[PDB]
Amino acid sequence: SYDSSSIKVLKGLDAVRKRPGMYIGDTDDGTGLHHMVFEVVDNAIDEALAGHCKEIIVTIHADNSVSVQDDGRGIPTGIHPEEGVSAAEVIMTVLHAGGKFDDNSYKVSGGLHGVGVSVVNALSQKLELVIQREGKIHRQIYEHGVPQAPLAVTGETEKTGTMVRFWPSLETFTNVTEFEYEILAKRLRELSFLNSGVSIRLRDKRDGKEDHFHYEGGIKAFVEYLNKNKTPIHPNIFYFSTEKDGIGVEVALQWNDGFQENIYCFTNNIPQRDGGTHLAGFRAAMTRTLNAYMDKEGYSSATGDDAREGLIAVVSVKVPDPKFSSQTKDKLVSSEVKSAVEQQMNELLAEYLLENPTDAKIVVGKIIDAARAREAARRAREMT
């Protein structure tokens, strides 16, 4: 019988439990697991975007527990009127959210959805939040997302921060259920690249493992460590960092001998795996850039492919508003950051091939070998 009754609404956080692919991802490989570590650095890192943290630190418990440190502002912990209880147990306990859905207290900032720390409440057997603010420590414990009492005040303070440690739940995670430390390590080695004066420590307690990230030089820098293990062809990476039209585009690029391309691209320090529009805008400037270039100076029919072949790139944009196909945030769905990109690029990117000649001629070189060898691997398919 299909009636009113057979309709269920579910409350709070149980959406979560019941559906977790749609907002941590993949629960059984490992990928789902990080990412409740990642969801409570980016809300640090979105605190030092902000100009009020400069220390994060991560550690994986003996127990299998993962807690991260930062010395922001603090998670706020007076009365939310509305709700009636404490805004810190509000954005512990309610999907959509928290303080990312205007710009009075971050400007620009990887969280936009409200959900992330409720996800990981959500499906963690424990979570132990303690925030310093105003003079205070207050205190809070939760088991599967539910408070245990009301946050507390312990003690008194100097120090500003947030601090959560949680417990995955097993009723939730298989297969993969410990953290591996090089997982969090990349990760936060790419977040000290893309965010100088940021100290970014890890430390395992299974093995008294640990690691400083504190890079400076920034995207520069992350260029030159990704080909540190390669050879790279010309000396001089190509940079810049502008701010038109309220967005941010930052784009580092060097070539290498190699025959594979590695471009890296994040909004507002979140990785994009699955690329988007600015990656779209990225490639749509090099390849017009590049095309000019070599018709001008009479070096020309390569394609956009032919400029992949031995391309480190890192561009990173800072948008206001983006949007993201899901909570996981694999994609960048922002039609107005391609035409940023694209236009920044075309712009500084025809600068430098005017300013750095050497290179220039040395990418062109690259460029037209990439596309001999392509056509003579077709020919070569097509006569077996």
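Definition used throughout: the rigid core is the maximal C-alpha set that superposes within 1.5 Å between two forms. Residue numbers count along the first chain shown, from 1. Compared with the form deposited in another entry:
With the core fitted between the two forms, just one of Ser192, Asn256, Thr289, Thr172 shows a Cα displacement of at least 2 Å, namely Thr289. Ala62: CA moves less than 2 Å between the two forms after rigid-core fitting. With the core held fixed, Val40 shows a CA shift below 2 Å between the two forms. Shown in the overlay between the two forms, fitted on the rigid core, is a CA shift at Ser316 smaller than 2 Å.
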Contents of the next structure:
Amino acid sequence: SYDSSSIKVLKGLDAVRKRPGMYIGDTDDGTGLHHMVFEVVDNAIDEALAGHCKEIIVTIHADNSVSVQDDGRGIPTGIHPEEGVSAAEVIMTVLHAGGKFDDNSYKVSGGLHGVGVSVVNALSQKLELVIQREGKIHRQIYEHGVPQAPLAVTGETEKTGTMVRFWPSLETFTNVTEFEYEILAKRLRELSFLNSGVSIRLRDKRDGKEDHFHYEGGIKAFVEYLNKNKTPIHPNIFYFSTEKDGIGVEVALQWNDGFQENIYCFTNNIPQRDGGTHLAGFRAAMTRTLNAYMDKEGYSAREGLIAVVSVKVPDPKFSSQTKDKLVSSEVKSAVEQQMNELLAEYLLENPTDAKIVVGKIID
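Having gone through the form deposited in one PDB entry, I am curious about the other one (the form deposited in another entry); can you provide its structure?
What follows is just the one chain, with no partners and no other molecules.
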């Protein structure tokens, strides 16, 4: 009775719906449901990273669908030579298909695996796709990942970008099934801080609530925001942004009078809740530099610390599919070297701050 007929192949998107834990996570507590939005948003953010998108609009509709509109290049619409259908349709229906498997379309991107928006499509009762590029509006509708018709041109336009609207499948998501404004806002705010000069809008058509995230100060402003209900002890937030040997390293940090340590790490705008090689470089540099300073100034650590570490890595390697831990070993040295040089300079250039912080560490 255990023979060839016992072996079942899950074709295309059927695997996502069978095993949503592997692709979207927890389908009952709300984190999976909101991750559906964040997969779409992070694809727009990647167009921003590539220097093509300047505005992202996220709308929660009154029917519990969510749309994300960007003004990037537009998902490619042409027939895919190998697959024989539009490239858009390939993207929406095929796992491990995308433009981030080399560095020709995006120098750096949060997307890595070629699955994210295809997972969204798989787990949506319906998904509407509208793409503007090459002077044309292209439209397609999917139901449970199945396209109604081939992607079709329906009008002319002088704009470029991609709009995805999706209605989450209640055959997949249970319990927490309505989108929460504040979960979406928290991440969208973080992304405005991490991406200066992208305008991000959030609109709730249920109650008319709206936000426009377009913070001026970048990850320096992020740190200020993170400290705003705490009591910063010194006024000059440490900040730098560099790019060397293909790796971007942007750091800000400020101490408050508390005793907790909050270090927020990101790789291509994707958070690492479990740290990794960027966090290891940051911690090594902090220690070495504060010690060197104390020694050279003639005295005899991360309590109260708020810090943001955002790296830009062409081909990052993580411990898993979740991207929770960065394992790219060359990033350790990239963070560490930049932050030993620049934090040293900061302590020299801001002696009142330096004295206050060192003060605290002693205690």
